[PDB]
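Engineer: Listed here are the chains, written in short residue letters.
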Amino acid sequence: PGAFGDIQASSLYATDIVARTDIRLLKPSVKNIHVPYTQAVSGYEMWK
Amino acid sequence: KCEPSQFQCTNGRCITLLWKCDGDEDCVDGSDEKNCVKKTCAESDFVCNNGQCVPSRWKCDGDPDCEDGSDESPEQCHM
Amino acid sequence: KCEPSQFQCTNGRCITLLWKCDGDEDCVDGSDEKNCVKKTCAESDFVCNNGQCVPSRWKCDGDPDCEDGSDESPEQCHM
Amino acid sequence: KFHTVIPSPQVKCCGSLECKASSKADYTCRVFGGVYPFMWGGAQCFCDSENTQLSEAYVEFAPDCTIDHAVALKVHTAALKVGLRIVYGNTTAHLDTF
Amino acid sequence: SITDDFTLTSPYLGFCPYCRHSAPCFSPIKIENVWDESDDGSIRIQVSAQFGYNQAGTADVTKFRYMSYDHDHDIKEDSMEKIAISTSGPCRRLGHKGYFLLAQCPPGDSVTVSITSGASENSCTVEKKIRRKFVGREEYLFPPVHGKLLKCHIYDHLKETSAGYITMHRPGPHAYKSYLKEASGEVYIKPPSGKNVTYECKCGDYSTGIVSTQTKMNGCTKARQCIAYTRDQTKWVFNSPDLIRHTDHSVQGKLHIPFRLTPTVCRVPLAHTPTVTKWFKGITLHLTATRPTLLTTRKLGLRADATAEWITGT
Amino acid sequence: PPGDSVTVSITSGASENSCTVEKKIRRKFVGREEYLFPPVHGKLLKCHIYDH
Amino acid sequence: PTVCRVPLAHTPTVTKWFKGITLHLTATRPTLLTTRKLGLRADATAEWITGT
Amino acid sequence: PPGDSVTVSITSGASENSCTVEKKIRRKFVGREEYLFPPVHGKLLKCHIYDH
Ligand SMILES: [Ca+2]
Ligand SMILES: [Ca+2]
Ligand SMILES: [Ca+2]
Ligand SMILES: [Ca+2]
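Residue numbers (the deposited numbering), protein chains in the order written: chain A, 197 to 244; chain B, 32 to 110; chain C, 32 to 110; chain D, 50 to 147; chain E, 1 to 314; chain F, 106 to 157; chain G, 263 to 314; chain H, 106 to 157.
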């Protein structure tokens with residue numbers, strides 16, 4: 197996670213993408229419906 | 032007890048203070064609503080003659096809604 | 032030939048793609064204009080009955096100008 | 050560049066939700082104990098504490114990746130090919146050879 | 001199969017982190033994603049509202065439909081000139097279709113889509129770092145009049161292009177507290193005039209049914225232990241992260257993402273031609289540049305000591 | 106918003122004037138993490154604000 | 263006095279080695295990171311960390 | 106005000122256009138003490154201004 201190649205696929209339209217971006221799901225706190233989460237930065241952006 | 036930034040309902044629960052006087056019932060017995068002095072009513076909430084805030088569509092629907100039944104009064108809605 | 036970035040007229044000369052379908056005769060024969068389907072007209076560009084984009088002042092100037100001759104028609108310009 | 054996808058949450062009023070395996074990229078799922086969520090219109094479930102919410106989040110390809118994308122390559126031994134302008138007498142020739 | 005018949009869809013209510021009054025609140029103009037990959041600065045904005053259509057769902061360039069605040073789950077339409085986009089200053093609007101807007105914006109730190117006037121004069125803001133972009137090896141502020149042509153990619157202004165698709169799912173349940181009466185000690189349910197509404201309760205036992213009139217209801221003392229919602233809505237809705245999903249969250253259709261990225265040619269400045277001073281086994285370059293420009297050198301031998309500097313000034 | 110001066114003005118009418126004073130107004134944040142606006146999800150800290 | 267809402271940073275990932283740990287931190291906006299030993303002397307540090 | 110370009114425009118009417126040229130406009134001041142606008146009290150220096 198957080199570096200080049202964090203998401204890979206055999207082709208653009210392949211259906212077997214595999215990635216590891218360090219997704220973390222958090223416990224909701226506010227009353228209204230929500231899906232709080234956090235993630236590593238885009239490794240592609242970092243490499244660029 | 033809980034830290035003063037959290038209000039304690041009369042049931043055994045402590046919630047954050049932003050939920051007090053917010054128009055929504057969060058305590059199981061509704062202790063965080065009928066305690067403050069807020070009296071505002073939205074545009075869609077018609078204010079009954081008794082002062083209670085009731086949705087406008089409730090008015091003159093064929094059944095009494097307010098305590099005195101102002102909604103079913105022929106004065107308010109003419110048949 | 033030339034790179035795809037520049038369109039090639041039917042003469043042997045390549046011009047940049049920005050001049051393709053811009054309302055301006057760029058190639059020596061104008062082949063760069065008679066290939067797209069642009070049909071908009073300006074505010075001062077009257078649209079003839081055949082769809083040709085012609086100047087508004089060109090209308091009813093005493094001699095036929097459009098293919099169908101709608102410019103000199105009495106309906107468009109009463110005498 | 051990836052584009053995170055967070056599907057609409059699923060909630061059960063008085064029940065239990067269980068994670069299920071999926072083949073999507075970096076599929077991550079969790080189940081939370083008591084929520085009592087709100088929407089525009091008030092509460093959505095009747096149980097005061099037995100409310101269960103399930104969160105999902107996987108990763109897909111960004112819509113603009115069809116142009117801004119990179120390709121990884123492994124390169125073996127390089128082969129060399131040249132073009133020549135061999136001349137002799139009053140005759141010239143052009144040819145390519147490896 | 002990607003469909004373009006918008007009559008089968010409908011807008012929805014997102015959860016904007018920053019409403020007009022600088023506080024999170026439910027809004028009809030929630031920003032979902034903001035994409036900026038064009039080389040000319042334009043951006044693509046996804047919004048929970050629908051632009052370029054009337055209430056019935058047919059095509060109409062001048063009107064946009066959105067979800068009303070009323071409890072009857074109704075869709076309202078309005079003239080489109082009320083809609084504006086801004087980051088730090090006003091943004092020039094370019095195209096619009098469905099959930100998506102295409103606007104050109106100056107540099108800023110947040111993207112805001114707002115309704116200027118009318119009954120619903122709301123706003124929505126999402127953090128996003130919009131920065132000035134340029135193509136080539138020489139910085140500029142707008143494309144100059146004279147220069148060479150490079151290869152650049154810009155968002156197509158036409159609204160018939162496609163750059164992918166987005167799923168469309170069945171609408172979820174949506175309970176409204178306005179359906180609960182709680183007269184004295186008993187919870188009453190009233191449908192919104194002539195509609196069929198379902199109810200669920202857990203007043204000691206699990207109770208569920210469909211009613212179309214007043215219901216006394218049994219065993220319930222508090223309004224908070226019952227819910228009521230309608231089921232005759234059938235228009236699909238985006239896969240939003242702010243909606244309770246239906247029991248069957250299977251994809252029902254797909255929608256085009258307009259303004260595909262296309263290759264074209266941009267114009268870039270030519271720097272002032274440097275002056276070369278020649279000495280023994282070395283040259284000296286006299287450079288001038290009003291804006292940062294790139295100068296790279298490399299030897300032609302086995303060793304290739306490479307330099308790369310952003311010269312500015314003189 | 107952040108700025109370098111504070112201006113009060115009467116927009117329209119016969120007495121249309123303005124006033125300005127030099128005052129540095131900077132973006133303020135609470136806690137140990139810079140942010141643009143209060144995020145939807147997070148912990149609650151203790152802060153002081155002017156009463157509306 | 264009242265309560266505000268403040269962001270929670272991305273939880274770091276610790277890499278453990280002999281007599282020392284390594285933190286892998288990500289932060290889109292400046293964030294504070296302080297450390298202090300629990301011994302007789304405390305080598306307190308403070309740093310505003312941005313980026314990965 | 107300071108900026109990086111200068112623009113002349115015709116706001117309304119049929120001929121609604123605009124023009125813009127690259128030009129650096131920076132805040133200027135006289136003397137040896139920077140300021141935002143002429144303060145109420147101070148000594149008088151020699152400057153040059155375009156005649157209205
Ligand atoms: Ca409350
Ligand atoms: Ca009534
Ligand atoms: Ca042309
Ligand atoms: Ca004529």
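Just so you know, these hints were derived from the structure itself, not from any lab.
There's no promise every hint is true.
[What the hints assert, rightly or not] Below, a list of computed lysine to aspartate or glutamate pairs in the EDC-like style, where the Cα atoms sit at most 20 Å apart:
no., chain 1, residue 1, chain 2, residue 2
1, H, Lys129, H, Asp109
2, E, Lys181, B, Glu34
3, D, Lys73, A, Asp218
4, E, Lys129, F, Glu138
5, A, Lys227, B, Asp55
6, E, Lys177, B, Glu34
7, D, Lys69, E, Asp248
8, E, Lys195, E, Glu81
9, E, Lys222, B, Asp53
10, B, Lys69, F, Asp156
11, A, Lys227, B, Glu64
[As the list claims (entries may be wrong)] Under 10 Å between C-beta atoms, here's a sample of chain A residues computed to sit facing chain E:
no., residue
12, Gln204
13, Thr211
14, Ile213
15, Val214
16, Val231
For each residue, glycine too, the CB sits at the ideal point set by N, CA and C.
Engineer: Take a quick look at whether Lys129 of chain E and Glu138 of chain F sit within 20 Å of each other, Cα to Cα.
Structural biologist: holds, 18 Å
Engineer: Let me know if the C-beta of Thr211 of chain A comes in closer than 10 Å to any C-beta of chain E, holds or violated.
Structural biologist: violated, 14 Å
Engineer: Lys69 of chain D and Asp248 of chain E were given as a pair; does the straight-line alpha-carbon distance stay at or below 20 Å?
Structural biologist: holds, 16 Å
Engineer: Taken at face value, is the distance from the CA of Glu34 of chain B to the CA of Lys181 of chain E at most 20 Å?
Structural biologist: Not OK: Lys181 of chain E and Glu34 of chain B at ~35 Å, beyond 20 Å, violated.
Engineer: Under 10 Å is the threshold here; is the Cβ of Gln204 of chain A close enough to any Cβ of chain E for the hint to stand?
Structural biologist: Not OK, violated: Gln204 of chain A not within 10 Å of chain E, min 19 Å.
Engineer: Can you confirm whether the C-alpha distance between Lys222 of chain E and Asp53 of chain B stays at or below 20 Å?
Structural biologist: holds, 19 Å
Engineer: Using 10 Å as the Cβ threshold, decide whether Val231 of chain A counts as touching chain E.
Structural biologist: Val231 of chain A check passes; min Cβ-Cβ to chain E is 5 Å, inside 10 Å.
Engineer: With 10 Å as the cut and Cβ atoms as the points, is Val214 of chain A at the interface with chain E?
Structural biologist: Not OK, violated: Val214 of chain A not within 10 Å of chain E, min 20 Å.
Engineer: Starting from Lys129 of chain H, check that the Cα of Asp109 of chain H is at most 20 Å away, please.
Structural biologist: Holds - the C-alpha atoms of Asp109 of chain H and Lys129 of chain H are around 5 Å apart, at most 20 Å.
Engineer: Hold the hint about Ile213 of chain A up to the distance rule: shortest CB distance to chain E must be less than 10 Å.
Structural biologist: Violated: closest Cβ of chain E sits about 14 Å from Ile213 of chain A, beyond 10 Å.
Engineer: Do the alpha carbons of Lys195 of chain E and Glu81 of chain E lie within 20 Å of each other, as the hint requires?
Structural biologist: The given pair, whose Cα atoms are some 35 Å apart, is violated under the 20 Å limit.
Engineer: Take the C-alpha atoms of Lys177 of chain E and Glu34 of chain B, compute the straight-line distance between them, and say whether it is at most 20 Å.
Structural biologist: violated, 31 Å
Comparing the model with each earlier hint shows violations of hints 2, 6, 8, 12, 13, 14 and 15; every other hint is respected.
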